Amino acid sequence: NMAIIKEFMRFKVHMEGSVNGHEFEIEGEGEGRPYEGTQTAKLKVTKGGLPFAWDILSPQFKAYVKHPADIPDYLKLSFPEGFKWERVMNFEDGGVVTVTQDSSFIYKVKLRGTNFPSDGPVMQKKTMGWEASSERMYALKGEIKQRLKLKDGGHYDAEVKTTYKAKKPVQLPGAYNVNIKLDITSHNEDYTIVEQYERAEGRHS
Amino acid sequence: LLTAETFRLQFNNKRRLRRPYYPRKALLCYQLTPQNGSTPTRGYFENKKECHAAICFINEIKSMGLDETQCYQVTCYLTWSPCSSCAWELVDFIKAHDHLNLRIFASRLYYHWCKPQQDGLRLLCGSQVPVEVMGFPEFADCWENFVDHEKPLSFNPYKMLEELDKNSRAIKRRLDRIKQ
RNA sequence: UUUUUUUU
RNA sequence: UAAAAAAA
Ligand SMILES: [Zn+2]
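Protein sequences, first through last, are from chains D and A. What the first sequence shows, in the authors' numbering, is residues 4 to 52, 54 to 65, 70 to 112, 118 to 151, 156 to 222, in sequence order. Everything in the second sequence is counted per the authors' numbering, starting at 3 for the first residue and increasing by one.
Since the hints were derived computationally from the structure, they do not count as laboratory data.
Here are the simulated PhoX-like pairs of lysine-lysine, each with C-alpha atoms no more than 20 Å apart in a straight line:
| # | chain 1 | residue 1 | chain 2 | residue 2 |
| --- | --- | --- | --- | --- |
| 1 | A | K153 | D | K198 |
| 2 | D | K15 | D | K47 |
| 3 | D | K158 | D | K70 |
| 4 | D | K166 | D | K139 |
| 5 | D | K198 | D | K74 |
| 6 | D | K162 | D | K178 |
| 7 | A | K153 | D | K168 |
| 8 | D | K166 | A | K153 |
| 9 | D | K139 | A | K153 |
| 10 | D | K84 | D | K74 |
| 11 | D | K123 | D | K184 |
| 12 | D | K182 | D | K121 |
| 13 | D | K45 | D | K123 |
| 14 | D | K198 | A | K161 |
| 15 | D | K45 | A | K161 |
| 16 | D | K162 | A | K153 |
Ranges of calculated distance between the beta carbons of each label pair, as one might list FRET restraints:
| # | chain 1 | residue 1 | chain 2 | residue 2 | range |
| --- | --- | --- | --- | --- | --- |
| 17 | D | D207 | A | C53 | 48 to 58 Å |
| 18 | A | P154 | D | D207 | 16 to 26 Å |
| 19 | D | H221 | A | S87 | 35 to 45 Å |
| 20 | D | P76 | A | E134 | 15 to 25 Å |
| 21 | A | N147 | D | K9 | 18 to 28 Å |
| 22 | D | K9 | A | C53 | 43 to 53 Å |
C-beta: ideal position from N, C-alpha, C; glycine also.
Modelling step: build the complete structure from the supplied sequences, incorporating the hints.
Next comes the structure, spelled out in structure tokens:
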């Protein structure tokens, strides 16, 4: 595993999405250190240049989580075959986001967002980035009560449920919780060129 | 309890520094890890009024209340390498406490480029304390551990990644050639 | 934080 | 007046 997964690895990602009928595509390249839990990614919009908040796309970028040596790294062992994951995000105002993704690095993403209110914080871009959220893990399932910061105060809550399935059966770990922090490092006025940074570290429950 | 800007203002130190000229001070970051009941303590010490952060942290460990029973693997990520005299004070304080094991990781090899501070830190890496300059993890460790990684971000998300890599690439080979 | 050398 | 690199 460590001989093929070097301490510095790059990836390429292709996403096709459709939000409220508006179709678009996104091409990206990134780089990071999988064993240290840091990664950066640069994205470019190729079609539809976006009428919605970019923050709903950031939580979709997981193979770069730092795992202790005595904890089996379930996601790293899935390579070179890769894995898949499917995510459903239900926002408190009726917005729904369904995402499917295959990772082989080459990432292929298919995204469908529907039922977002025209006056909601997503379509009106009243968000200020995601708060820190501890996702407890126990295929692999993950449920998040995510909170989106608002410009005028308060939070914009959403229920996220994601299933990660490796293409090759490996040893499953015990109970643990991953602390994750994502940051938008740079973006233009219309969010057509975005760079993202991610830190992730697992801990015992 | 540090600022994200202050992190790169004091830890990031290139061969040719930034646009303001020598606006740099010395910091220390002690991470005491009592493994008995897994009860860690952390702290930063600025280079205070004519008392180097090494002596300040020594007196802090002194007047905080030690427990002579168990051993402590204390890591210490400091911006500027300790000088000659405080290194000898450190090794004399470590010789009196056999239940202490210290690791020293510096960001820049700070010294007056004379002879005394050369062997002043060569005794550490050969007798009690493995002293090497920082790399990627110890910066990444000290980044979110000591410097507050809270809600705001003072436009330094990953700018260190290239500067940390330059500092590693240069000063780690420098410190290795010094230890050799 | 003070010196020496090469190149654009 | 900028900046890349190396030696003690
Ligand atoms: Zn000193």
